[PDB]
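Make the full structure from the sequences, and use the hints.
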Amino acid sequence: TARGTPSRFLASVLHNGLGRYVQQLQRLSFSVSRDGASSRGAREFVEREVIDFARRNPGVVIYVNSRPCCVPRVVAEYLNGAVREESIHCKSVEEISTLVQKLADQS
Amino acid sequence: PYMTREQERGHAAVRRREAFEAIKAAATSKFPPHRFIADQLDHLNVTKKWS
Amino acid sequence: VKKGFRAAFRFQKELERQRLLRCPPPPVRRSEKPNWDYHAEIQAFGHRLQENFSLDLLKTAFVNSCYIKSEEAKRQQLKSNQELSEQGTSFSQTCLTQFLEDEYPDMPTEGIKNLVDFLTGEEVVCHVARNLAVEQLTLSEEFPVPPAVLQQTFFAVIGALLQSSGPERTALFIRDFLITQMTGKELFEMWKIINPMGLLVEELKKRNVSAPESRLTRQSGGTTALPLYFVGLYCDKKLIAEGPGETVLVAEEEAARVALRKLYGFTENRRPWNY
Amino acid sequence: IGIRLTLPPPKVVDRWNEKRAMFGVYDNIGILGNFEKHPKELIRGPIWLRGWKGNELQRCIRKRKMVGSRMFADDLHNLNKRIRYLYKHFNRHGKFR
Amino acid sequence: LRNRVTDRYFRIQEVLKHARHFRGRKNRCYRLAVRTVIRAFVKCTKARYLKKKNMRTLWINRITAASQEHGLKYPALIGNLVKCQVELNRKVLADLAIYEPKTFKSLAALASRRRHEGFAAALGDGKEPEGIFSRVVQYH
Amino acid sequence: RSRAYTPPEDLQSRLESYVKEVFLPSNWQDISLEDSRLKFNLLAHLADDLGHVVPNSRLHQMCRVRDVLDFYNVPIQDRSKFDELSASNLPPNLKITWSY
Numbered sequence: 002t003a004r005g006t007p008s009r010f011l012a013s014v015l016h017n018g019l020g021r022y023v024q025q026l027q028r029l030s031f032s033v034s035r036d037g038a039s040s041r042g043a044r045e046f047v048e049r050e051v052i053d054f055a056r057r058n059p060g061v062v063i064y065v066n067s068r069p070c071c072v073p074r075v076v077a078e079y080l081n082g083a084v085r086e087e088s089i090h091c092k093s094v095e096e097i098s099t100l101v102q103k104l105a106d107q108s
Numbered sequence: 052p053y054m055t056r057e058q059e060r061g062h063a064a065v066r067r068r069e070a071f072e073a074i075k076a077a078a079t080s081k082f083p084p085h086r087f088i089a090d091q092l093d094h095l096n097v098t099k100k101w102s
Numbered sequence: 031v032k033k034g035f036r037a038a039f040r041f042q043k044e045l046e047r048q049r050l051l052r053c054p055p056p057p058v059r060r061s062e063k064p065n066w067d068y069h070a071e072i073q074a075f076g077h078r079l080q081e082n083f084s085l086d087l088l089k090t091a092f093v094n095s096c097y098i099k100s101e102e103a104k105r106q107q119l120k121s122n123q124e125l126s127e128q129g130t131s132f133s134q135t136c137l138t139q140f141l142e143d144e145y146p147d148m149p150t151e152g153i154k155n156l157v158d159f160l161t162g163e164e165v166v167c168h169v170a171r172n173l174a175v176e177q178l179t180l181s182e183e184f185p186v187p188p189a190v191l192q193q194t195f196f197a198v199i200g201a202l203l204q205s206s207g208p209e210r211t212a213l214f215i216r217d218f219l220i221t222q223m224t225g226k227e228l229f230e231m232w233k234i235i236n237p238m239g240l241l242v243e244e245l246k247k248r249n250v251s252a253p254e255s256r257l258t259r260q261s262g263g264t265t266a267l268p269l270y271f272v273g274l275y276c277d278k279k280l281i282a283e284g285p286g287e288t289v290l291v292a293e294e295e296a297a298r299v300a301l302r303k304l305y306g307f308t309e310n311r312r313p314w315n316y
Numbered sequence: 032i033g034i035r036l037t038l039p040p041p042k043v044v045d046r047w048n049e050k051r052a053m054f055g056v057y058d059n060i061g062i063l064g065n066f067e068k069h070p071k072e073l074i075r076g077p078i079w080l081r082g083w084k085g086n087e088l089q090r091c092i093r094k095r096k097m098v099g100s101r102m103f104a105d106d107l108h109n110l111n112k113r114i115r116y117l118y119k120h121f122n123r124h125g126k127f128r
Numbered sequence: 010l011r012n013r014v015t016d017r018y019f020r021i022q023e024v025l026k027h028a029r030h031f032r033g034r035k036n037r038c039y040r041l042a043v044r045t046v047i048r049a050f051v052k053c054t055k056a057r058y059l060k061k062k063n064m065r066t067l068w069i070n071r072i073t074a075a076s077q078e079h080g081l082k083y084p085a086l087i088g089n090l091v092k093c094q095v096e097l098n099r100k101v102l103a104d105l106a107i108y109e110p111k112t113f114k115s116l117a118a119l120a121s122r123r124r125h126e127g128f129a130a131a132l133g134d135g136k137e138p139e140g141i142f143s144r145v146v147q148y149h
Numbered sequence: 056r057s058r059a060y061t062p063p064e065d066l067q068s069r070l071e072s073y074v075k076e077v078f082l083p084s085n086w087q088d089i090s091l092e093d094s095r096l097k098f099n100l101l102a103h104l105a106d107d108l109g110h111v112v113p114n115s116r117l118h119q120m121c122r123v124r125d126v127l128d129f130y131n132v133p134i135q136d137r138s139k140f141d142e143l144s145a146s147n148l149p150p151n152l153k154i155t156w157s158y
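Those protein sequence lines, which keep their order, are chains b, o, c, i, R and h.
Heads up: the first sequence begins at 2 in the entry's author numbering, then just goes up one per residue.
Heads up: the second sequence begins at 52 in the entry's author numbering, then just goes up one per residue.
Heads up: the third sequence is residues 31 to 107, 119 to 316, going by the entry's author numbering.
Heads up: the fourth sequence begins at 32 in the entry's author numbering, then just goes up one per residue.
Heads up: the fifth sequence begins at 10 in the entry's author numbering, then just goes up one per residue.
Heads up: the sixth sequence is residues 56 to 78, 82 to 158, going by the entry's author numbering.
There's no promise every hint is true.
As the list claims (entries may be wrong) - With a Cα cut of at most 20 Å, we get these calculated SDA-like pairs of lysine to any residue:
hint: 1; chain 1: o; residue 1: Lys100; chain 2: h; residue 2: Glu142
hint: 2; chain 1: i; residue 1: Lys94; chain 2: i; residue 2: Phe66
hint: 3; chain 1: c; residue 1: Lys226; chain 2: b; residue 2: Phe10
Since the hints were made in silico from the structure, they are not lab data.
In structure tokens:
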């Protein structure tokens, strides 16, 4: 509900559309299990989409730690000091790519 | 009415007949779908790893 | 004792989250947190604002003097930051004065100087630099960064941009990042003054207009605790201003401020900045 | 609070134990061993269900009719009661008939 | 007990996180919290429709206030703003009334002018030249 | 010892010499490998020389010398995914870590 959840007003970071559009996404941190099914499609993401996505927007830093993890992770850190961590456990390549585009598109 | 009862007799029987043969052909072609080796091997793909 | 492992591990993670909530760790800098490479991230900082930088000049702009002093203190157990900061501050003040007198020619030099000192002050520059990844790439002593060090770092970034790709691109950078902080803010929330009635009298004397008459137009509930006085300020048989207030003196002061906004062109309905 | 505080000690599983590494051997002793022995002759357990499968009532009937001559007295009485209850349940109770 | 529930605390906390701002044992006891959070979610679901209805009535009240401030009425203002093909809605009209009242006075003058044009047109019945503001713009 | 196979540019002449000494006529691409001894000798010589061995799964796929030539002209290369991603001309905002 809305009385149990805190609310805010619509705003921007530093008037993001006035002079120029600044990509508000600093970073992204996948942790990818080399041997593990849970990061399986995520591995294929590292095989196929992450290079093209990185060349699509040079203002974003992408780290793949490739540690022996059990749940793979994307960490979208932003210009205003906000960090949003999401799990890419057992999700397909195209839908992970849409999630990454969601992370890049937002503030 | 633009037509009498005698004028309208049989004037759209052809289209009704073809519509019924179409829905009949749709009804009589209910039969289980094909199976592929590629789907079985694609589920075999669940333990792809890196090297 | 229920057998299993997943529920216990989930409860361990929730206990970790609640322990971090009840007693947060001190804020460590981004450099000694994982997933940090300085060169790729300063390149992404250059490409993020959509221009090009000379990477050595930007790297020398992001390194301070107290950092060098502390590193030479710690070696017993690099270029400075001053010249790029000086060039950036000088060109920033000059460009801000140019922009503020270009679109607002009726404003006096004192108000333009105070507007520039507001846009180059610690609050505006620290608010801009904390949302442009200047603080994370800043090599400073204590985290959180003191405002003077971060201000010098931001103006050194401006100076490095000047030396890299020209005064036109740097003027555009200042236009899109320092001007945009005065949108939605009134003149006297930036240029604070005391007793604007005498300054209005001086301004009208400079315009060779007779001294204004304070004149009570409207009012409501004068003998109550919640009055509503409009006072109009009149010059040559006609008003130059009208302002509301709770008392007569406060309404007179507010109408004087409205008069200063109207004669200097800083009304609420002025022409917006052309980006 | 119905959950443990500390994580349990790690369950070490030897996947290459003597039982695990050679599980399933000789299960095709009939089709490629000249049929001298049946695979149901290689499973170890109670003598009334070596190579046989049934529900609870058939299991109880077979257990009685094979080993009830040497069961314990109260175990015999409890199994007779279980047989009687299962007869009354399977033949007189249910949804489909 | 071969396999009993080990993941029960988190279901309780998944329910209880929406009851933390309640009064009395609705915020602690699980039964009361289940019933009251169920009721709260259904109330939110119907209160979306209630929000739309109440905000339309608030817009109508504000436009009626501004219209009677300009001497008009709400039915006259709306019915003779739609006849000028001025297809504004109640939210924009309310916002113009609250913040920008010279535009709303111009809209009220337009509505009253169209009202007098239609009122004179419906009085002198027959073939007559239409009013200047009473013309319609046909779209084909 | 590795799977790293780069097909030699003059492998044509080596294969000609090997089919010459293990047997013979023109149109050598269509010589049948139906005899087991000839296939064994040819593939053993090729595996001893080139260091690349025909797998058991592809041993029945080849029945002509043309299939042998087509098998030995494909580069099979082996490295970790660290050595493949980092050598794939990464953009300067991609940093790849391997804690193994």
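Outcome of the hint check:
no.	hint	result
1	o/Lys100 / h/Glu142	holds (14 Å)
2	i/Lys94 / i/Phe66	violated (29 Å)
3	c/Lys226 / b/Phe10	holds (18 Å)
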